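Take a look at this single chain, the form deposited in one PDB entry, given in structure tokens.
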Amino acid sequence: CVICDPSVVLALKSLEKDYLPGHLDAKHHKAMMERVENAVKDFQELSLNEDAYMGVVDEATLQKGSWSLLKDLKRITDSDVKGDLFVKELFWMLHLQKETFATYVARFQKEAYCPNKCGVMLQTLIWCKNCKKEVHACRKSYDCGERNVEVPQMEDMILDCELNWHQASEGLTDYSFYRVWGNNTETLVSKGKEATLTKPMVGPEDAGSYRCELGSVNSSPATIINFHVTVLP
């Protein structure tokens, strides 16, 4: 995947144009760059599976991988190692950086890729096989559960629709809260970027069912939560 980073592309081009001329037989340059480019290209060849690899990374992981690669590569070119020894360690370095990259990607997968344990999260990602950056839909569950809230009289009712992943998700709109009546209808109470609804100084009549609906440009909610509120005199 690291070849999707411009710094790496640049380092390979300097390696071919600047470094090889004085550090390798001319009759070798064409065949050598073929092999190098193929070995970098091969950073994308990780065993496809969830919690390990799905053909994508986010930008941070690409950067981390790119940084590690470039530092290792520079250590070689800074040293002016020539000929047969240069080739051996270039490729052994590549082989070792690929495993180091896999290490970063596996962490990405386990921790960063579709973090949401519910709802639908929009996440920007880079596709390792084509270097295209696009937004992906992480669909976990149709709704994100129910809540039971106890709220004494004269006390403030607070319904929190925030979820740890909301901040990071992309293309979020406005939390919308609804009051859900015994009929088959509901009424809107508030919409806005307030991730919480508050009704001050609750009375017995405020008890009932509410519901938050965090909107998305996808035009299908990112988060649906149902609150069951009881007022306990």
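Positions refer to the first chain, counted from 1. What we label the rigid core is the largest C-alpha set whose atoms superpose within 1.5 Å from one form to the other. First, how it differs from the form deposited in another entry.
- Among the residues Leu90, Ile126, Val81, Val149, the single one whose Cα moves by at least 2 Å between these two forms, once the core is superposed, is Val149.
- Once both forms are fitted on their rigid core, the CA atom of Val105 lies less than 2 Å apart between these two forms.
- Relative to the superposed core, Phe177 shifts its CA atom by 2 Å or more between these two forms.
- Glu37 shows a C-alpha shift below 2 Å between these two forms [criterion: core-superposed Cα displacement of 2 Å].
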Contents of the next structure:
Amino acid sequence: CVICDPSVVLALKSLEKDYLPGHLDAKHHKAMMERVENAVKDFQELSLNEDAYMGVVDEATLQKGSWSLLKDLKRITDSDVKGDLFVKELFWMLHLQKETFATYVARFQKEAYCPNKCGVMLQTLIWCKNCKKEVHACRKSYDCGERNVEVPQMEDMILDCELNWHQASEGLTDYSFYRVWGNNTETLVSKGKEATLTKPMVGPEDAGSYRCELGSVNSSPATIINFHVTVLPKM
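Starting from the form deposited in one PDB entry, produce the coordinates for the form deposited in another entry.
The text that comes after this line covers the one chain and nothing more.
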């Protein structure tokens, strides 16, 4: 999918126009550039071993692959290699970079694709084949796992509602921190773009149940996390 990057396109249009004139006989120009353009488009034809390949990457994986490629391409052109050497070098590199990209896409699916273990992530994906950008909802369980927090008598109580995937999600609004009373009732304690809640130098009253919601425009919460806080009469 790496031809979806405007930079890759120009670097190709620079190889043809700036590099080929002084480093390959003109008989090979149209033919080899025909082959190069086709090779790079073929970055989207992937097999992937197992699991199967979906035809989507996130924008990071896409950038990642364009970088590998264009740094490699560039090494060649700083080298000033000509003729046959140049063609071999050029075509080894394309071959390696495809295989490399393949490993990006594989890693992307195993680890970056709908990476959330709970909640609902809005992931911006891109379709290899048409360079088209979509937003896809990864909907998982609402159970992020219960956070049991032990905090010493008079130290800070930090409640972190941040998940690693939150920074990669679309449509987030605010984190709202609730206090749950035992009444099966609650009070809004905090709300903003802060992912944490700190009641410093806490005390025995401050123990109990807390709750974090992460909102999304404009619908159901992206994340719910529950904390149970127990304060310890201790050092």
